[PDB]
Amino acid sequence: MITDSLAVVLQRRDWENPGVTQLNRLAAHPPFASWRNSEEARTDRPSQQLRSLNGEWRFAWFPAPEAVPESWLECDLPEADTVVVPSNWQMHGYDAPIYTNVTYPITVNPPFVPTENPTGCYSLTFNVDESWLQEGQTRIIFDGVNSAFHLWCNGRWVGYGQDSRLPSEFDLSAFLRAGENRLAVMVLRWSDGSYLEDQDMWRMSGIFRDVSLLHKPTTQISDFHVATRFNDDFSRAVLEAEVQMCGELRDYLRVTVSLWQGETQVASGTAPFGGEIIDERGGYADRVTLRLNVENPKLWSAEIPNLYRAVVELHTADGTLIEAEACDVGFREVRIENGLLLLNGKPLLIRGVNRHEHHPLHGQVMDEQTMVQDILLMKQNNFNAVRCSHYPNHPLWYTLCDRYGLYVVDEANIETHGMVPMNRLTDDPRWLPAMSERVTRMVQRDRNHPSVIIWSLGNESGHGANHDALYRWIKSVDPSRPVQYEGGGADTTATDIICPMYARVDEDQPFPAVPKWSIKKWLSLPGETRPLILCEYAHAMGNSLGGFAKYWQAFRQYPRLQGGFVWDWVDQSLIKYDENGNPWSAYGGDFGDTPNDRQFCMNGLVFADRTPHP
Amino acid sequence: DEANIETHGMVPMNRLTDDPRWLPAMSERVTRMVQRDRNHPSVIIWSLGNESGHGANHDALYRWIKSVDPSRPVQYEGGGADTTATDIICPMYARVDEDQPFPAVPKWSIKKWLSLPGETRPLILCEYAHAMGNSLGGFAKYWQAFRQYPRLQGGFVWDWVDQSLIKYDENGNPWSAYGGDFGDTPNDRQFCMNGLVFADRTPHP
Amino acid sequence: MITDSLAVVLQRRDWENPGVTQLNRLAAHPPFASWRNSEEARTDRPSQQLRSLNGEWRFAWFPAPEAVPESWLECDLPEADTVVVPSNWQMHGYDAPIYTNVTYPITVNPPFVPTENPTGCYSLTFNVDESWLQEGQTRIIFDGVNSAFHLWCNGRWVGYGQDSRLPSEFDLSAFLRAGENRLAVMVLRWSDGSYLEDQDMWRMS
Ligand SMILES: [Mg+2]
Ligand SMILES: [Mg+2]
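Those protein sequence lines, which keep their order, are chains A, B and C. Those letters in the first sequence? Residues 3 to 616, per the UniProt record's numbering, in order. Those letters in the second sequence? Residues 412 to 616, per the UniProt record's numbering, in order. Those letters in the third sequence? Residues 3 to 207, per the UniProt record's numbering, in order.
If you're looking for bench data, these hints aren't it; they were derived computationally from the structure. A few of these clues could be false.
Here are the simulated distance ranges between beta carbons [claimed, not checked]: (1) C:54 x A:602: 46 to 52 Å; (2) A:242 x B:551: 46 to 52 Å; (3) C:55 x B:599: 55 to 61 Å; (4) C:72 x A:139: 49 to 55 Å; (5) C:14 x B:599: 34 to 40 Å; (6) C:3 x A:158: 54 to 60 Å.
For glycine and all other residues, C-beta sits at the position ideal for the given N, C-alpha and C.
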C-alpha cells in the first residue's frame, strides 16, 4: 500500500541526513530479561519469557537499493539460499572486504555517500505463542547491525536505525497475530554514521550479534541504580538503591530489595511509592529510594572478588509478585586526592593491555569459548587491566570481568582520523545531536557493573567545544569515576589524568603546536599537579618490546607515575583456502581491493590461534 | 539576552530537562543564538533560561558558551540561584531584612547571602519590586543598601509595558480588555497588566 | 504527484516527534544582505539585491490538517480573502486567543498533541527577475512563524521548520523559473515545540 511501498520509503533518503538518527525507538536500560517466580533470581536459572531467534534465515544480495523489486515483501523470492545468522556476508563469498589505516574508503564529501551501496535482504518465517497476544507488550531486541537498516513486519513499516555497536530495540505490540508471521530486514552498507567511525580495523557489514524477543506485563519496572558509600575506617557501609517504574500507577503497590550472600541473607527493606520533595512544586511520583546498612563487608579488589547478590521485586500488598530482577554488586571506592589515583586508601599500579575484538574463522562473531581463553591467558602472565578499544563490547564480557578479577576501561564510539584538520566535524555545532547520542546511551547501559572505573570519550578526534560539552555531562550525572581523553596533546581541560601516546623516556621531540615532552619532564612544568597513565606504549609488531626494561625502573622510583597500556593483544588475520585445501594466514590488501596498507594489521603479542609469541 | 526555554508547568519542574532524550531538541536553541548575536557591542551577559528547574543539561551547555566565547559572563536563575550553572547570584523577589525559609529552596536575606561559609561572587537581582496597580512601596530601602555595601550591584524591575488588547462595542468607542474576557476557559484575569506605563504610551504615577 | 500529494506529507506526523526538528535548512550567520559596490558599505545606503516581499496575500482557515483539499496547491480556492502580511489571524476575527499563567492549554501528555489543530493556508503569486536565474543562488528568508509550518513552491515540496522566535532560511535555487511563480505555506497551531515555551504572555500563532 501507501506509504509502505518501496517507491516511497526510499526518497527522501534518510541515510544522508545527520538530523535524522532514529525513528520509533525506545529508551535504554540495563539488561534484565524479566523472569517471573521470585526463587530464580537467586539461582540465575534460564528464564522462560526471554526467547531467542537464532538459526537459519533467507538471504539475497543486490548492488544498489534502487533496483530491489516490490514483490519481495509479499512472499520470498525463489533465488534465496539458507544462511545461518549471526554472520557477515563478507565471509560467505559475495564481496571483498577492504582495509585502510587513515583514509576513508569512499570519496571525502560530507554529508553525502556514493550511489552504489551494496544492499542485502534477510527474511524469516516464525510461529508465535497464543497467550502472548492477549495481554502485555512484546518487545523485539536487535543486539547488532552494520550499519543502517530498515525493517518490515507482515507487510507493514516499523522503523529505522543508524548506530552500529550499541543495541537497538523496537516495539511490536499491535502488529503481529496468531500463528505464523514474517520479518523482512534490509541492510545497507554505507551511511552518514560511517563518517564518525574510522578505527584501524577491517571493514565488514551485516548482522553480527544476537537477536531476541521478550515479553513484559502491562505494569512493569524500567530502571534501577545501585550506589554505595563508606566511612573512613572501612568498617560500616551504606547501600542505597533507586527504583524507576513506569506504566499505570495505583496506591497499593510495594517494592522489596533483598540482599543475599551465599545462601543466608543480610538485610532487607520495603517502602511504598512516592517521596523526596525537590524544587519547587513537588516531588517525583514514580520513584523510590531505599537505604540499607551493613557491618564489616568483604571488599572487591583485583586479587579477590567477594561478590554479593541483590534481588529487586515488585509485589502487591497481600500478595503475589509480578516482576523480579537481579544485578550483581560489589563494594569499592575510587578517588583522586592530592595527586594520586587512590583505591581503598591505597595507591595503585596499573599494568594492562588493549584488546580488539577479532576472530580468524567467523569474522566479527564472538562465541563463549573464546572469552574464557582470553581472561585465563591474561591472568597467568600478570596483567590486571584491559582497555576495550575502540567501542563497547558484547554485554557478557563485563560479567566475566566481574568473577575473575581484572579492571576494565570503557569508551564511546568516536573517531575522526581522516578529515583535514582533525577537528572539522567536532567543532562545528551542526553535528552536536548526532554526536551526543553515542555517549549518553552508553552510560545508561553500563553503570551498575563493578568492573568499570574510568570513562573515556573518544580517540584521535582533535579538540573542540563538544568534548568540553559532554565532559560535565558525565561529571554531573555520575561523580564516582574519573574521565580520560587523549587527543590534542593530552593536557587540555577535557581530561583529569594525563595520557600521551608513544612518549619516550629520556629524549624528547618537538613538533609545531603539539609537542611530546619527556615523561620525567611533564610533571615539573609550571603549574601541573595531575598524575600520568600512558594510553599506548611499546608497539609490538614482529620482533619488538625492546627497551622495555627502562620503563619499569622509572615506574617504581617516582611516586606519581602510575603505569600504562600495551598495544596490542591479538592479531587481525583472516583465512583463505588454496586448491590443495591447506590454509595460509592472509593479511592486508590481498583480497583484491585498492588501496591498502599491507603490514599494519598484525600488531601481535600472540598469534590468531591462540599460541604465544616469544 | 536570553535563549528560548521555559518549563513552568510539569511536575516537578525538571522532568523534560534532566531526561537526556531531550538534549538534541534543547541544544538547538542556544547554539543558534550565539552565532547570530556575537558581533554587536551591546550585549554583555548571556543567559540560558528561566523557570526550568535544575538538571544535567544546564551544566552541559554552560561550558559550551564558556568555551567558544570567553569575553562575557553567564547567568542563570532557577533552582535557588546558587548552583554550578551560574557565575553571578540572581535570586528573584528576595527581601531586604526578614527572610522566609522553604523546604529545599530557601530565599535568604540579601545581606545574609554574602556571609555564608565559602561564598565570593557578586549579586545582581533578576526581578524585584512587582508593580501592578499601586505599587513600588518600600522602594527607598533598596537604594540605601545598594550604596553602602561594596559588593551588591543592583537589579532589574518588572515590568515595563502593559499587555492589553482592544475590542470595539456597538457605539464604536473602545475600552481596554484584559485576561479571559474573549470567551476562553481557563483564565487568570488580573496578572496581565504588570504596568509601569499604560498601553498608549502615557506614564503612570 | 508522489510524494508531493497531501496524503503522504501528513503521515507519519513530524510535528509529534522530538527527534525531527528541521528538514532542509541552512546554517546561521550575522545579517549582511550583500550589496555590490564598495562605496555603499561606508554610507549604508539601501541595497538593491535584498528584495522585500511584504504586502497582500491570499488566506483561508481550516479546523484540522486532515480536511484540507488536494486541489489547493494547483490553483487558489475561490473562498479566499485578501490579508496583509505580517499579521496574526487571531486579531482579524477568526478565533479567540487564550491566556494562562502556569498551566498548559492542552492536556499534559508528552510528546503528543490533540487532534484538532487550527491550520491555515497562505498563498502568493509573484514575478521574478530574468538575470537571477542565470547565475548564483537565490536564498529565501523567513524571519518569523508560529509555530510549525510546511512550504510548497510551484507544486513541489521544499522543507519544514519548528522553532518560533529565531529566523529560518531555505534554499530555492533550482526550483523557480522565468516569469510568474507560486508560494503556498501551511501554518500549524500546536506542536512539540509548544512544550518548551510557557512564558507569561498571550497565546497567538
Ligand atoms: Mg587513528
Ligand atoms: Mg513562569
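*Can you list which hints this structure breaks, lowest number first?*
The structure conflicts with hints 1, 3, 4, 6, although it agrees with all the remaining ones.
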